[PDB]
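**Q** Given the sequences, and given the hints that come with them, work out the whole structure.
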Amino acid sequence: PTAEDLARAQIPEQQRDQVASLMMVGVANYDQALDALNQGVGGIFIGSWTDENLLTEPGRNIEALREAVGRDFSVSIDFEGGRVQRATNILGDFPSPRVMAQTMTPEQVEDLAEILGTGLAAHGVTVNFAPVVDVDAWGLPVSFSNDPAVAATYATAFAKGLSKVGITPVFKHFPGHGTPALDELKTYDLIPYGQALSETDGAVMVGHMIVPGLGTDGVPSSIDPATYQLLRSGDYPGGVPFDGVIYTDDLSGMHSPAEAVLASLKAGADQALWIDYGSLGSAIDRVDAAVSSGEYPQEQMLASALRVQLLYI
Amino acid sequence: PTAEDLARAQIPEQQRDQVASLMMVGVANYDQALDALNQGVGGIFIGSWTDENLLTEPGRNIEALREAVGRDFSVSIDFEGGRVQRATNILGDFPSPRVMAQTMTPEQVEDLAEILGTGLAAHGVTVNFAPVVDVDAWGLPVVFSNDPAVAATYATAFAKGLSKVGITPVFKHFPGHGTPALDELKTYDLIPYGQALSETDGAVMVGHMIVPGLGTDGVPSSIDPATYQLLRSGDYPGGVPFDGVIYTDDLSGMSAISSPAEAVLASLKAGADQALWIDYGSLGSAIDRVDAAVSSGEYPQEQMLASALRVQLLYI
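Chains as they are written, first to last, in the authors' numbering: chain B, 55 to 196, 201 to 236, 249 to 324, 331 to 389; chain A, 55 to 197, 202 to 236, 249 to 328, 332 to 389.
The hints are simulated quantities; they were obtained by calculation from the structure and are not laboratory data.
Be a bit skeptical, because a hint or two may be false.
Simulated pairs of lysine-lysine, BS3-like, Cα-Cα distance not exceeding 27 Å [claimed, not checked]:
no.: 1; chain 1: A; residue 1: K256; chain 2: A; residue 2: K222
no.: 2; chain 1: B; residue 1: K222; chain 2: A; residue 2: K218
no.: 3; chain 1: B; residue 1: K256; chain 2: B; residue 2: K342
no.: 4; chain 1: B; residue 1: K218; chain 2: A; residue 2: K222
no.: 5; chain 1: B; residue 1: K218; chain 2: B; residue 2: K256
no.: 6; chain 1: B; residue 1: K222; chain 2: A; residue 2: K222
no.: 7; chain 1: A; residue 1: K342; chain 2: A; residue 2: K256
Derived CB-CB ranges, DEER-like [claimed, not checked]:
no.: 8; chain 1: A; residue 1: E161; chain 2: B; residue 2: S368; range: 47 to 57 Å
no.: 9; chain 1: A; residue 1: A122; chain 2: B; residue 2: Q156; range: 18 to 28 Å
no.: 10; chain 1: A; residue 1: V138; chain 2: B; residue 2: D271; range: 32 to 42 Å
no.: 11; chain 1: A; residue 1: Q139; chain 2: B; residue 2: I351; range: 26 to 36 Å
no.: 12; chain 1: A; residue 1: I65; chain 2: B; residue 2: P195; range: 39 to 49 Å
no.: 13; chain 1: A; residue 1: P295; chain 2: B; residue 2: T159; range: 23 to 33 Å
no.: 14; chain 1: A; residue 1: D89; chain 2: B; residue 2: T159; range: 33 to 43 Å
no.: 15; chain 1: B; residue 1: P307; chain 2: A; residue 2: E161; range: 39 to 49 Å
no.: 16; chain 1: B; residue 1: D271; chain 2: A; residue 2: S268; range: 42 to 52 Å
no.: 17; chain 1: A; residue 1: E161; chain 2: B; residue 2: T56; range: 37 to 47 Å
Don't be surprised by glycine CBs; every beta carbon is placed ideally from N, CA and C.
**A** Below, the structure is given as structure tokens:
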């Protein structure tokens with residue numbers, strides 16, 4: 055059968071569970087994770103402060119979660135290099151992107167991601183919110203004169219090593235940094263997504279920056295429909311259309333959380349990421365009601381739910 | 055012209071510089087490091103106590119130290135995985151040794167150490183106080203539980219990876235963390263040193279633990295001469311004689327189970346080649362204390378110079 059037809063068959067039956075699958079919440083421990091997944095959430099996020107026993111404690115780690123929940127779900131982490139977190143004592147860390155491109159070859163970085171990704175996979179991570187593809191992050195510090207082709211080359215290698223061991227890489231943060251106008255992003259920070267999305271299977275995460283000339287004035291990109299339409303169409307130099315899953319950056323570090337979740341989904345996101353402090357049920361209430369009222373059109377919601385289900389096939 | 059001849063010729067001229075070459079201190083920043091190095095210290099130790107700019111700031115990094123100081127010197131770091139006491143975050147980190155053994159092959163661990171070591175080398179590191187060879191660090195938590207052959211296999215693979223990129227690995231902590251009696255260590259925590267010291271060029275760090283059945287009752291291993299004699303002779307199951315450089319664990323934190334200048338002298342007298350400590354305020358005092366001990370014969374001159382030769386060999 056067709057993979058899409060198989061995923062369509064895995065879309066949840068109840069509408070509350072359909073919209074819940076479009077959300078991904080940061081969790082602090084095993085209990086919070088199980089409570090979120092029992093409400094239908096499509097995935098959980100392991101944050102910098104997340105209890106490390108959730109990775110290592112037998113009977114109360116990710117394998118136990120998959121046991122207690124009889125469905126497929128995503129497990130994300132932010133493992134991009136050069137940043138200590140609770141999970142570092144367990145899983146290690148990449149160097150900072152600047153150190154990797156300064157001192158290693160693209161082949162070493164790809165081989166490094168395969169090895170480190172092996173430890174991530176063995177602990178039940180399925181999504182890594184990395185690599186950064188910001189051009190200046192892979193270059194030397196201090201408008202600038204870094205090379206987008208370098209950022210594209212190393213990000214592509216990094217992502218290929220993760221994919222070899224079954225970890226979905228996610229390029230971030232679309233459409234890039236340096249608030250410079252869209253035209254200036256198209257000749258610089260947008261270039262790496264070209265090679266990134268045409269040579270790997272990675273997903274994309276949209277950031278909160280406000281881009282003059284993209285969509286509506288003063289609106290963060292993560293909740294502006296023009297951002298997602300740009301990603302879908304690929305209408306930028308070197309861009310290729312993208313029909314995979316689009317994540318948001320953490321909507322809590324941006331509105332109320334529930335309104336921000338709905339705002340991002342309505343704009344075109346497939347996975348609304350945020351650090352849940354208990355408001356998950358209120359968000360599901362608000363988003364399910366928007367589908368019933370027509371504020372969130374049903375076919376857009378179901379098209380996103382199909383993209384989410386394709387992750388598990 | 056042998057390798058040992060070339061190193062013997064680079065041994066410092068004055069006796070004060072000779073004994074100071076047997077010391078290695080933690081440094082807080084570039085200005086402190088350059089001041090330590092102009093006092094003749096053999097090497098510096100980068101850690102969580104160190105200004106991160108010392109690794110990165112142009113004109114104030116390690117490369118700039120090597121330009122300001124004529125002679126060769128060592129730059130150590132503790133970069134091992136699973137420890138919170140990290141010098142910096144820009145270099146990445148290994149997974150914990152348990153995670154490495156659980157989830158990766160020894161071929162992956164070797165290649166991992168070669169890759170991460172490349173970043174360490176490009177920032178001026180020459181010595182890495184890793185790997186731990188304790189059997190339980192490489193196995194599951196304790197319920202003869204874990205297999206010393208696994209610790210030996212992975213610690214050896216880890217060490218070979220660092221060497222490929224010019225970083226000296228240091229096996230630690232001799233004669234073993236776990249305090250069980252020497253006879254017990256001989257059947258367990260001492261086993262990995264056999265493969266480590268016969269298959270690699272790694273150095274060895276002696277710890278501070280008090281081992282019953284080894285030397286004087288109640289004396290930490292780092293200042294007991296019997297620890298170093300055991301390491302030199304390889305007088306334990308599977309052990310080979312080791313004539314490389316022997317480090318002490320951080321002398322500036324030896325616990326109350328037993332002054333800084335006296336600790337340096339005691340560890341060198343006992344057989345160490347590199348007296349290591351973190352709090353650099355006592356460097357001048359230690360140079361004075363050990364220098365006078367060589368003049369008075371308390372620290373025999375041929376022992377001190379043999380150690381100085383081992384140290385110079387790291388640079389040839």
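**Q** Which numbered hints does this structure break?
**A** 1, 13
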